[PDB]
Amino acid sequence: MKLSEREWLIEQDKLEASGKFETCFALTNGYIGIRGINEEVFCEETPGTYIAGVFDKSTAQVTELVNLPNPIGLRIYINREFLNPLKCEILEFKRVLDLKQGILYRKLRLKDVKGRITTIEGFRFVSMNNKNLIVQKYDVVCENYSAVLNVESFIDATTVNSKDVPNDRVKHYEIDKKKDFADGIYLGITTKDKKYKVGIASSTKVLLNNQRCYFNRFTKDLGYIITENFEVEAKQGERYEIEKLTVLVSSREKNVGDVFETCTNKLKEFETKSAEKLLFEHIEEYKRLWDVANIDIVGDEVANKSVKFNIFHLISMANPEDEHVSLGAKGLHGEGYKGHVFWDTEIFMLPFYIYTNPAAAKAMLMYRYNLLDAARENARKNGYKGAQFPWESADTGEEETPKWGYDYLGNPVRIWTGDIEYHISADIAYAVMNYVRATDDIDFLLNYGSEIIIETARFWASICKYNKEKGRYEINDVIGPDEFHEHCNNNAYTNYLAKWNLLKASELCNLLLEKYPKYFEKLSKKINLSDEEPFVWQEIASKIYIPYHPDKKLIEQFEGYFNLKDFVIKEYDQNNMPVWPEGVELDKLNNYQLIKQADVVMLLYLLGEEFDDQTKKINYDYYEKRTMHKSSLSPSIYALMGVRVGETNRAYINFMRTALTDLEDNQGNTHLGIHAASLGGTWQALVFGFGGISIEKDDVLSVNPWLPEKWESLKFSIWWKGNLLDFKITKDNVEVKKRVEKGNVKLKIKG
């Protein structure tokens, strides 16, 4: 294994427990996620072991992605004394995430209190090609001594969720079985709700010039921990190779009756291959993914590197073979928001996959399709019609948002997002349109897509309420993208998005009636669709209260917003993030005009075609002045609309905010997991902002870049109606190369 080059490396400086690097160094393959802890598992680290879709409620407030037993532990002992890296003199330290090869690397040269010197060097990864597999390989040298080493692999089943919060700790599994099967050790568990079973088998061994060299292997069952141990008569200066493979299998996979037999079998297979061979296969997969998703920026090193980071995690975490899971707000990298799926996924993350690797995006939309029944059921129980998707979603598709939590002052506060942040249903509809238009995946549109757009439209129809006074439908008592303001009327974003969803749906019925009548009838039997309905949605859409006002040009975020006390940002913190104006009480945010994130501006981005350059700029200017960027969702939208109204400084400032979200820990809480929307925002800003990509009405791809001065060039690729397109953007012109063909496609350049 040779480390990649440096533009490709992210480096931790000090050897220590780190919440931030636990997150930034999390590895995942879309099924398994492993937090970036050190191998020895220091007292203070917070391990994370997840498997997509395995959730549990038990005694907790809401269901949660389960922190499983931690399987990666590895410790060294010299004559039965544990070589503790934290109790040594660190002569050399290197620790980097290699983004090109998708591995985590560590080299250590240590000097213990008895003056012995040992180097430990190697890496781990979570196979991109083999979804159940995790691979570790470390090399040990005793530099100036001989001894008996014990190499201790272990699986630790004391892990819990919410480790550091005494009120919220829960253990979400129980152990079913522990076993030394000679070839490895096994531990398997069942969730407390009894819905999933997971099995973990693992085999370590120790070589010297490729031949097994341990004189003794023993095993220990200490109740909640099982260990596999290898004793070596180690000779000064020799190179001992440690190789540990581990397999996770869950009840979520197919024809897995006995997780114990499935694991052992699987491991037996993977063990016919070396760690190098498995790494090579791993890397081919990363090649294949980067070959399309990589994005070179010339002339800004900190940005090129940063963006690579964002993109890495994006390509690591989606698994297109899985149509029953999607991406939670923090990936598979942490327990923030507990693995729940938000609009984050459909609106911020999904575009990367649509243009980058559209199969992934298809699977993520399958996740929502498969939970239509739960969205219907959710609407029924609130008194509505259609599919009302929940604000937070897990495995079952029921609403999973907490009824309460802690505000910015650490006090209890009611949470109403799960009750009245309705826009989620439109955003999903929107994302179905958005996937389809880029892919021309008509089959998807016919069998799945249109049901979704139609069933959400039925819901918006149900909640729109008519007002004779102003002679317009309203949607009242709501929360829009700006979570700071609760129980409002006619949130602009909400109404346009509702309008949009009602319209697309009537238009879709027409398309299908005329151009696809067998499919329209398949569908009509299925969801009782009558061709009188669409007229209803049109009637409603045409009267939904949009507020302008014709001149003045300024979109009120919601009725009454302008009557609210006004504040002026001024003052930024060391990460260039807004600081609370003075006199703002953090639990009275309802009273002020400061906003948490893009809301009206969010509207301008997604419904670009409805607002002219001037309305965009007027509203962009009014709201940026007033955005606190208290979600990681925010900067990217302001970077992208920045460029689009031609304010390229505001833009680059805001871009550097989304790109550095976790690497500089902008928001103060990277330790809870990767900020996954922010990753996709970062990508969106590059491609649809600075790269000047956009979509003209009749589905013509336009390009219309606007590099920040500072960047000599920008290449990225994307997939457009089946065509894989490489753009290179210089300050002057734009190159274009169709690397894969499917029909002739219309492109429309600068200028």
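Here the rigid core means the biggest group of C-alpha atoms that line up within 1.5 Å when the two forms are laid on top of each other. Numbering follows the first chain given and starts at 1. First, how it differs from the form deposited in another entry.
- Once you line up the core between these two forms, the Cα of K20 stays within less than 2 Å of where it was.
- The rigid-core alignment places the CA of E11 less than 2 Å apart between these two forms.
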Contents of the next structure:
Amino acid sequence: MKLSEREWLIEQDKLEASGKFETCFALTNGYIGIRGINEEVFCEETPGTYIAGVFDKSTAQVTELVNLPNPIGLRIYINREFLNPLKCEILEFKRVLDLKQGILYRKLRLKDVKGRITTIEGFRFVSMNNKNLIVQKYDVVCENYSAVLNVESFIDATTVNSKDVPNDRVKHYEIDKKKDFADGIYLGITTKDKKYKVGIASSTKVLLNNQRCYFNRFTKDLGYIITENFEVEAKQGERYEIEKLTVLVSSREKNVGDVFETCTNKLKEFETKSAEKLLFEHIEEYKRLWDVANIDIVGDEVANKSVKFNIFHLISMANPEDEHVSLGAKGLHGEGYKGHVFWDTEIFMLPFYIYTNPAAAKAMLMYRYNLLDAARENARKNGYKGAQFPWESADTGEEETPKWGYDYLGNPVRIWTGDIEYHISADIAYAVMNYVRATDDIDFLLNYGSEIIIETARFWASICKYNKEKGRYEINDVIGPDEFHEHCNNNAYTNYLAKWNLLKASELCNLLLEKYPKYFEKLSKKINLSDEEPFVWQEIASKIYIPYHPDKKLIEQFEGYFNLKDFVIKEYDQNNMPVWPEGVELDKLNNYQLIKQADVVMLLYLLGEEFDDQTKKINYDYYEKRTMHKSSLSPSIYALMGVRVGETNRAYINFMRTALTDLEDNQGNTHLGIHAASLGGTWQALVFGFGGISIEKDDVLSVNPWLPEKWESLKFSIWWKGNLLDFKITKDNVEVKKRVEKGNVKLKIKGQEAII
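Okay, that was the form deposited in one PDB entry. Show me the form deposited in another entry next.
A lone chain is what you will see next.
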């Protein structure tokens, strides 16, 4: 293995425990996730070992993505004394994530108090093609000495969730078995609710010139830590090659029967290939994905690198084979938000997959399809009809939003988002149409998508409330995307999206009846559709209230938002983020016009082909200036929409706010996990903002790019109607090339229609 050039490398400065790097250096294949801890597992490190879909509640308030035993641990002892990196003089330190190859490398050259110098150089990856497999390889060289070296491998099944918060800590698993099976060591667990079993097999070997070079192997059962240990009579300057393969299998897999048998056989197979060869198979997967997803920015090396970083974590975390999971708000990179799935995925993350790997996007839509029954049950429990998707989803599709937490001031507080942040159900319907529009996947629409869109429309028809005096339908006592304002009436974003979802479902019903009558019938029989429902939906939609001041062309975020105390945003912090205005009480956010994130502007982004340029510009200007950017979701959408409305003054800096969310930790909580929505947002702002792509009413692909000052070019590729397109954007021009000649693509390049 050879490192990629610097352009592809993300570097940690200093040898130390770091929450931030544990997140940025977290490695996943969309099934296994592993936090970027150091292999020694130092004192203050937070390990993270996750398998997608493996959730457990036990004594916690809601179900949580399980922190499984930590299997990657590896220590070196010199004559039975732990070679402790933080205890040595550091002669050489390098530590990098290689985004092109998807490996985490680390090289240490250490001088201990005895003046002995040792080299430890190696890497690890979570296999993209062997989803069960983790691979670690480290060369060790005793440069000026000879000694007995103990290579210690260990699985640590003392891990817990919420390790730093005494109230919330819980161990979500019990240890079923531990075994020295000669060829390695095994530890198996069952989650405490008993819904999942996981096996972990690990096998370490120490070689010199590809022979096993250890005089003794022993194993230790230390309670809930099991170890595998190789003693080597190490001679000065010789190259001791340590390889550790670890396999994780869960009872989610078809169909395994015994995780122990499956683990250990899987490990046998992996043993017949070399570390070199598992690596090459791993790197091929990254080639295939980068070939489409890579974006080249010329003139801004910070932007270019930060964008590779965003994309890499996006391409790493999705598994199109798994139609029973989707992407948590922090990927598989940490515990913040408990591995739950929000609108972050449908609205921020999904378009990336729609346009770069449509099979991933479909799988994540199949997650929602498969939880339709839980969404129907969720509706029924709240007095509504159709499908009411939860604000926070895990494995069953029940509402997993906590009811209690702590506010900005550390006080206990009720959490209302699960209860009344309803827009999620519309967001999923929108994301369904977005996927089908892009791919022309009619099969999906007919068999799965239509049912989702119609059931969420049924939900919206149940919650809309007719106000007779006013001759309008309202949706009252909600939270819109701006979570600062709770118990609002007629959030415009919510009302509009509901209105969109209702008209979409009618339109679909009449299309399926006219054009796909056998599919219409099967849907109608499955979900009990009546002939009147399409009309009922048209009628509610025609009269849903949108708060709107025609004289000022301003869309009011929710009724009465205009009477609330205004406030000037006067300064930015070291990371160029808004700082709260003087006067503001952080538990009275409801009384001001300050907003957390894009809300009307989010609406203007999603349903933009239905508002005029003046409107978009006017509402952009009003809200952008009142936006605190207090969610990692916020800046991407203001970069993207800034461009779209000619208000490019601040487009660059919002863009760099999203792109550096975790690399500069600009929200201060990167240690909780990757800000997964902001990754998708960054990609969207380049392609739908700077790259100037927008979709028009007749599904014609319009292109009106704007590059910031520093950028001479921007290249990116998207899938559009089954055609792979290459865009090259420069200061002056736009070129679009099809990668396969054949098929017709209609574009509107700066007001001018063009065929390719």
